[PDB]
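A.B. asks: These are the residues of each chain, in order.
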Amino acid sequence: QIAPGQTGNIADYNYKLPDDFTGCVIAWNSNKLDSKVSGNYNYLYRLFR
Amino acid sequence: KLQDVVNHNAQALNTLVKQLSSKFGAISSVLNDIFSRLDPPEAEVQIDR
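So the protein sequences, as listed, match chains A and C. Here the first sequence is numbered in the authors' numbering, starting from 409 and rising by one per residue. Here the second sequence is numbered in the authors' numbering, starting from 947 and rising by one per residue.
With the rest of the complex left out, here is chain C:
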């Protein structure tokens, strides 16, 4: 159980940090590309998503 608790915490943290790269069906996964490569009026929806 001592190993199990630490493994569960590490897995949760790794999943949380890994899910950052997901695009969630948007134009890109970083803010700079969204802000520089599109008009802000139609980039607001992507950033909000």
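Isolated chain A (complex conformation):
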């Protein structure tokens, strides 16, 4: 969903890239330090702006 110019809840409400963006994107899942049996609720997001 996150991309230069793409619309969405994160784009409209969180870190949004500009139309003319140059760089590289790296993605990977790290359950080593993010998996909590009770829930790793500290990773928060905003959905009302």
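Just so you know, nobody snuck in bad clues.
Each pair of labels, with its calculated beta carbon distance range:
no.	chain 1	residue 1	chain 2	residue 2	range
1	C	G971	A	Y421	33 to 39 Å
2	A	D442	C	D985	27 to 33 Å
3	C	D994	A	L425	19 to 25 Å
Worth flagging that the hints you see were computed from the coordinates, not collected in a lab. All C-beta atoms in this analysis are idealised placements derived from N, C-alpha and C, irrespective of residue type, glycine included.
With the hints as your guide, set chain C onto chain A.
C.D. replies: What follows is chain C alone, placed relative to chain A:
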């Protein structure tokens, strides 16, 4: 010839104004639809065409 010159000029102007409606194999023939109905990164090619 006096009629011919004026007729040629009128025909040239009419052709020039008529060729505006051509889409040139693009999404639409007006700028607002291109700018509002598509992502700008992939609308740049259409507007440039």
